[PDB]
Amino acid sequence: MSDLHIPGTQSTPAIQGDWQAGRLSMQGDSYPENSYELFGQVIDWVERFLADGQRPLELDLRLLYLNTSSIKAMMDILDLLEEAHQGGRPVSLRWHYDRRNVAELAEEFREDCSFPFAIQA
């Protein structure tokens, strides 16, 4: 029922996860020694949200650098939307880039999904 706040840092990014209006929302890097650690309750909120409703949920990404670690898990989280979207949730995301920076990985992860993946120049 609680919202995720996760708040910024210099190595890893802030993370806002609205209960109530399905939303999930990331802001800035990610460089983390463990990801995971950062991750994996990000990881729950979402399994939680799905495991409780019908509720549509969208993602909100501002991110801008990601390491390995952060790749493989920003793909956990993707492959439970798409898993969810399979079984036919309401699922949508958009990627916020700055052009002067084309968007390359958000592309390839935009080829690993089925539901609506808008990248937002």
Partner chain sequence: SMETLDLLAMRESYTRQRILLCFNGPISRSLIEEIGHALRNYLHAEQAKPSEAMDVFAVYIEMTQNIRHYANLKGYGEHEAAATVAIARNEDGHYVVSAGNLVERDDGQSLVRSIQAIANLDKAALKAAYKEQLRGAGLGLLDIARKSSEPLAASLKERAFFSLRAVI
Given for the second form:
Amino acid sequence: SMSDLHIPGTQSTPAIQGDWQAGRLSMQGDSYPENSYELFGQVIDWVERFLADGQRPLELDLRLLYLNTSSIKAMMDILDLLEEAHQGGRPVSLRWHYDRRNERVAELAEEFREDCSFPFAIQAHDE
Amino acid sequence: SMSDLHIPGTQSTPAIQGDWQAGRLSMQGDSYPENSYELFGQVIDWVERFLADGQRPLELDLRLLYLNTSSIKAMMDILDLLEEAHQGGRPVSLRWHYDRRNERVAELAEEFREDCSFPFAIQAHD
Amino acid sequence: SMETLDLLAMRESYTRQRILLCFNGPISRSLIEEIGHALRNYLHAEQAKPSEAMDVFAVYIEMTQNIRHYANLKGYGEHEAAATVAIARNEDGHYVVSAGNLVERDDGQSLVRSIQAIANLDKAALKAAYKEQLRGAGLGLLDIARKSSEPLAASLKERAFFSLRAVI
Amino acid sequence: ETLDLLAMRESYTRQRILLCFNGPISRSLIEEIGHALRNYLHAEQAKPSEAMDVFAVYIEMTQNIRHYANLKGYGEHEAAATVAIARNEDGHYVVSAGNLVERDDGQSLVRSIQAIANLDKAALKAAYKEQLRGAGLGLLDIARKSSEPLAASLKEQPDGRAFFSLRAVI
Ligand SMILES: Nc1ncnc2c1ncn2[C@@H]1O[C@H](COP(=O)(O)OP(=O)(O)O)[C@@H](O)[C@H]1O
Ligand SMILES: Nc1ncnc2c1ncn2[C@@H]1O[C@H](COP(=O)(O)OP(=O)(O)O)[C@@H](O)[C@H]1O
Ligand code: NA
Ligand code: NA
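Right, the form solved without the partner chain is done, so what does the form deposited with the partner chain bound look like?
Next comes the full complex, this chain leading.
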């Protein structure tokens, strides 16, 4: 648990699991805190640390829903670190799951993916 | 903890500690839940179990503030058990502490105490 | 623009009424408390004397929880448990707590009669009637009447809209 | 006195308002009203993407008021607002919010919105995507989620402070 990251979710912030040995970062829920960097600051640090050295792949598994503007900026900061490591030859990957009946989550995930050149999957589910 | 009672407080419900061995029941905070017997149901049972058993004194140490109508009814149910046990010769006692600058807490405690014949103290604090 | 102008007309009407807080819509247990916290902060920021600050808070909670109790009794759900609540402060410094909700017309008529019967009794009679309901107006309405500096006022429009107004 | 509770209730009915709040607005108060809004959208069988749009516009408009009040140093007591959510006869939701602003801030705000209102969806996306890397993401997101151009108004006052009011049609 020492190198890991386990953050419980609330009504306005997502639940987050950083599995250091598996190289997996997972998030679920809505995200609309007033200061998203009080939440995402440690997630960005965790990603930067994972990506600074080594060659182990890092995959992001997202089940995020509504993100406010501050969370979208923080999310963009995370994807900028993925893209930088990917341009340097680091294998990174992202999967964004969403309920097929709500196309806004797929549309948001797609806007993020247009600024990324690493493997980025958007997967619809029949709830 | 087996015979004790620990309930953490919230924004609208008081914190409660029932110390079985000390014979002390303490409460602190506001109390305005929508259905107060979801909260006080176990407290009343705890008091009833204590008063059916032994002759050991039971003291209530209250630091209660705002109580809504439902909490006042449940509180009166608790005080009727104390009064019932006191008429039978059981030693019971109550102390209600309050901020001296807010008379309403003392006035509420004073209305509870007119229906009691056991030792009932109201203590002002600066 | 029609919505922005009307939003301005509303804000100006709230100013003319010296309204500090007001809410209209479905009202849940957590919304009661969060609005009650805004009220408690406002009372502190206006340096309300402590027992006055508790009286206004007590009247607000008891009014709005009476709406919750009625809506549950009539089976209403969170969507149908609707209300209009307003808290103002008069020119003299006295706070005004008003709450309104939809009721069955016979229930509303019996409610206005009950408030009219308690409103004009003095503090000693209100206390006795209160103390008697410890063992038709109940503890809730009697406590609001006891904590008021003016007689309780109620009204009913036309399901009817019942409105209650206390001055602390 | 002046308080007429029935007159307000009838004004809300005239404007088809489902929820409205006026007063100091806190973080937790934002979320709890958003919870009432989300329940109402579910009770009205709002399409999932429509429910998110209305909620997103509510959160972003109200969090813009919080951000402004913080920037201007305002306190919990000072961070006041008027928020209203209505539903038109055609089924479109209307989310409106108003707050007091410094007069120079209010004038510059209505300019940015007037500059936003006339862009098409493709131009709004480009300006949004460019502000990812003057109107920012919040107003641009609200404009993108609206079915009508964003409307704003400003009631100036010789207090030096103005009442800014914004409305979006979803
Ligand atoms: N806002 C309201 N709408 C409808 N009925 C109400 C409202 N407030 C009170 N009543 C009615 O008046 C009765 C007495 O109210 P109250 O004084 O709170 O009694 P108690 O506190 O003993 O429940 C309740 O049974 C309820 O039916
Ligand atoms: N309700 C409001 N009251 C006052 N100023 C506001 C309000 N909303 C936005 N603003 C102002 O408009 C600017 C742009 O808002 P917004 O589009 O949310 O930008 P961003 O998302 O980049 O913060 C802010 O810099 C702020 O000055
Ligand atoms: Na009641
Ligand atoms: Na913003």
